[PDB]
Amino acid sequence: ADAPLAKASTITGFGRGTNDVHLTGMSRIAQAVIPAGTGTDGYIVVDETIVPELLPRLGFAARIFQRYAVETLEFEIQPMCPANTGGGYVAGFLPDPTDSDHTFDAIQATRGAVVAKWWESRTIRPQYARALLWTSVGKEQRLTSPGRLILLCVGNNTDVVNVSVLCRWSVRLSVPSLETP
Amino acid sequence: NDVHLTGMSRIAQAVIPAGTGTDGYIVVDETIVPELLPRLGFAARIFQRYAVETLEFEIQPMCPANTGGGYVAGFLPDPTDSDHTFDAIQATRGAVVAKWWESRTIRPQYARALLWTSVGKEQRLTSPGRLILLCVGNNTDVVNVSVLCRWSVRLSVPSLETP
Amino acid sequence: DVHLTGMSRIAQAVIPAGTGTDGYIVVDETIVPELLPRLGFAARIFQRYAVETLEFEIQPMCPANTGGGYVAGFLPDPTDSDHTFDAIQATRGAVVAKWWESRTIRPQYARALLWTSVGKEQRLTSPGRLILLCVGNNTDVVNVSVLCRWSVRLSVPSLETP
Amino acid sequence: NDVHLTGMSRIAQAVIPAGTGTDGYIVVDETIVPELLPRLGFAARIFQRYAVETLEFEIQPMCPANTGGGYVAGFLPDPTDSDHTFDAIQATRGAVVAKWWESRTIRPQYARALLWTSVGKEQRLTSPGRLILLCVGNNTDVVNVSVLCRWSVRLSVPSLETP
Amino acid sequence: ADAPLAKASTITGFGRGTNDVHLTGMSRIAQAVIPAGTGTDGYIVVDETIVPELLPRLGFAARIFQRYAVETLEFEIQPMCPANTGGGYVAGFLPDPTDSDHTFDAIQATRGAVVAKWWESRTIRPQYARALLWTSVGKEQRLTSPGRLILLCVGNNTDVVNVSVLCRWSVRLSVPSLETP
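Protein chains in written order, with my numbering: chain D, 1 to 181; chain B, 1001 to 1163; chain E, 2001 to 2162; chain X, 3001 to 3163; chain C, 4001 to 4181.
Hints are supplied without guarantee of correctness; some may be wrong.
Restraint ranges, calculated between C-beta atoms of paired labels, are given here [as the list claims (entries may be wrong)]: (1) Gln3060/X x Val2027/E: 47 to 55 angstroms; (2) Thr3006/X x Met2061/E: 37 to 45 angstroms; (3) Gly2093/E x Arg63/D: 30 to 38 angstroms; (4) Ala4003/C x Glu3053/X: 41 to 49 angstroms; (5) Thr3080/X x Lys7/D: 37 to 45 angstroms; (6) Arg3049/X x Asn4019/C: 23 to 31 angstroms; (7) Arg3049/X x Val2027/E: 33 to 41 angstroms; (8) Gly3024/X x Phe4060/C: 22 to 30 angstroms.
Mimicking DSS-like on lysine-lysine, the simulated pairs with C-alpha atoms at most 27 angstroms apart in a straight line are [said to hold, decoys possible]: (9) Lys7/D x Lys4007/C; (10) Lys4139/C x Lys3121/X; (11) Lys1121/B x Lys2120/E.
No wet-lab data here; the hints were simulated from the structure. We put the CB at the ideal spot given by N, CA and C, even for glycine.
For reference, chain D alone in the conformation it holds in the complex:
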């Protein structure tokens, strides 16, 4: 063949990244310790929203993709103390990522909330939002985090309690990009 002024660019597959992944696992959320005597009713033990940062393997993989949709999400409380404590706790899951629910009556009211003594561990099967959210931060909180975990004591514990809440997540990140945190 003959010779033109400029041959066309033969970049064939450009911007054809992967689309759909499924990440699962289990990772803790937070952990605290309470001395004896402290921790009457209504004392907030842990209140941390489920942003993708607190799940550590997801937060290194949501810096690629744009949108995620939580398929299954369950929680395990696991306090650690012998059976001579005798206080208690209440655990729940509130799908508002707002900043004012600190009472026993709000947490007991939600779907799939548990209450037990400090020597017993329970399991939360919550009522999550099942929508399709965003990953990066913005002005509005209701599009980037599917709720909060609130755990607070209900009695007056005798010895030192030691709770360590966990999280069993599964998610379907999609729409590839890359941001800067």
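Starting from the structure of chain D, add chains B, E, X and C where the hints point.
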């Protein structure tokens, strides 16, 4: 020529007084080199190249039932010199977590390559990973954990070291 | 993908009388592709070599009135600190003879797949060492000249400039 | 014993300023000896006798499309010292001719005998022909031609030269 | 269609000459005359190599092609004198194009050598090299000529003899070129 050993052996043992051991306190962080296993330590002073077939761990802690803290353990197949946290042990396959009176079983995901026994300039060819056992609670009384192993390996290529 | 064979001298040393007591290391050189003169011009082509057979000879040269002796072996650790008698004796394919006696080493190689160029880790570029040390006390001037008998299957073509 | 090499390698490269290179101007005339091919040059320093199985050439010239001269090339299986003209290259089998921006492919007719590598008193036993690339036009701008090769050979009878 | 910077050269069949020819014929090689009395035993009458120059139609057609391979090659001696001569000759064909074989014993020894009186003509069916040679000259002679014809007298002839050797050749020139002699 070619052998097939089994065994069961102490890796390490540590003791923790009361007050010590908040979350993230490393109790034992040691690589799986042949110098730590006792019966393989005498047998890898003979041969040169081994390849692990099956390898499993048990934690076996020993404390009264009024302790009320806990531990986490795992197996990281990077034998680097920097993973001291909870979240690196969270990610791995075959990790365990329980209270201080309870024994659990680590079923790891090893490399199944073919390694060396002696030391060298590169670390990745002489040890198929690390065991990390770190306390997650804040214990009440003195515990005494004693981690075990269960190793099966197929040593070959005869030589003799001078350590 | 080729297959090369040949035979090549590795090294040579001469030892006067009195010098060369027991444990005096006569020669110690790794099996790097630079030392074999036909393979040194053929490792400059390809990238990966995997040895099939590798045998040695010792062929020392002295009159029959010297009466010392030697020991020879093959260590598949290309490390940089091995100066002893016991590790050479206990390997597979080790020999012991007099300085006018010639033997033949049939060692236990690695049969892995290595790299030709030099690098930071020595365990992927040279599948062994050859250590030779005296065991008696020499009387006359000896002259050792070790050999090699290699066979290898170079592949994945390139061109280095060492 | 017996090998079979392939490859692809630069034979030669020349540069021509403007004004130079009328018809019949020899750009490159070099015999196909093992000293010119790079990868075979290291491999024919080992063995003694080779025999070419397939051997092809490409011209690959590099100039802007405003040059407007041209070249001719060929392959003469006499490795003599006198063929410097257009008409000897005309006769041969597998010759090419194009303008300076166009690459063409020489598919020659070689000897398929069994040759030697080193030098000798007779020239016909050590090189299976010559490549001749000579300009046929009278070019406008600076060209830069870079002829390639594509050799496949079956070296045998091991030795070692001292060049 | 549209107009580029330069249209490609449409030289289609370039360097596609003829490949295989078969030339035959008959042509003399050399001719001599011997006076009476001269020509004892061992006197060389004719010793000329079979280079393609001495065959005249082949030498004008081997200046094109590179390589030739002699398929059939026979010789005829044809002396010319009456039956009152009474000497003799010996003819042969030596596939060395060297330069030292001058005796009766070397010529009689080869395959297809003849010996007869001067009034009788014979025919040589020789043992040629049947290889594939070159046409142009070079340093080594053994690749460019398939042997020599040597004819020498064996008796002491009485009258003037007159021999005229010939050559029936057939050849398959190939691999086209053109040289300068």
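For each hint, the structure was consulted:
Range check, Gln3060/X to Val2027/E: about 50 angstroms between beta-carbon atoms, so the 47 to 55 angstroms window is met. For the pair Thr3006/X and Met2061/E, the supplied restraint of 37 to 45 angstroms holds, since their beta-carbon distance comes to about 43 angstroms. Distance hint for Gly2093/E and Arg63/D: a CB-CB separation of about 56 angstroms, inconsistent with the stated range 30 to 38 angstroms. Between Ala4003/C and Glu3053/X, the C-beta spacing of about 44 angstroms keeps the proposed range 41 to 49 angstroms intact.
A hinted range of 37 to 45 angstroms for the beta carbons of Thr3080/X and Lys7/D is consistent with their spacing of about 43 angstroms. Our hint of 23 to 31 angstroms for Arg3049/X and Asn4019/C holds, since their Cβ atoms are close to 28 angstroms apart. Taking the beta carbon of each, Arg3049/X and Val2027/E are about 35 angstroms apart, inside 33 to 41 angstroms as hinted. Distance hint for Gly3024/X and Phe4060/C: a CB-CB separation of about 26 angstroms, consistent with the stated range 22 to 30 angstroms.
This hinted pair checks out: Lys7/D and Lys4007/C have alpha carbons roughly 15 angstroms apart, not beyond 27 angstroms. Taking the CA atoms of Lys4139/C and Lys3121/X, the gap is near 7 angstroms; set against the 27 angstroms cutoff, the hint holds. A distance of roughly 8 angstroms separates the Cα atoms of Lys1121/B and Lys2120/E; the hinted pair therefore holds under the 27 angstroms criterion.
In summary, the structure is inconsistent with hint 3 from the numbered list given earlier, while agreeing with all the others.
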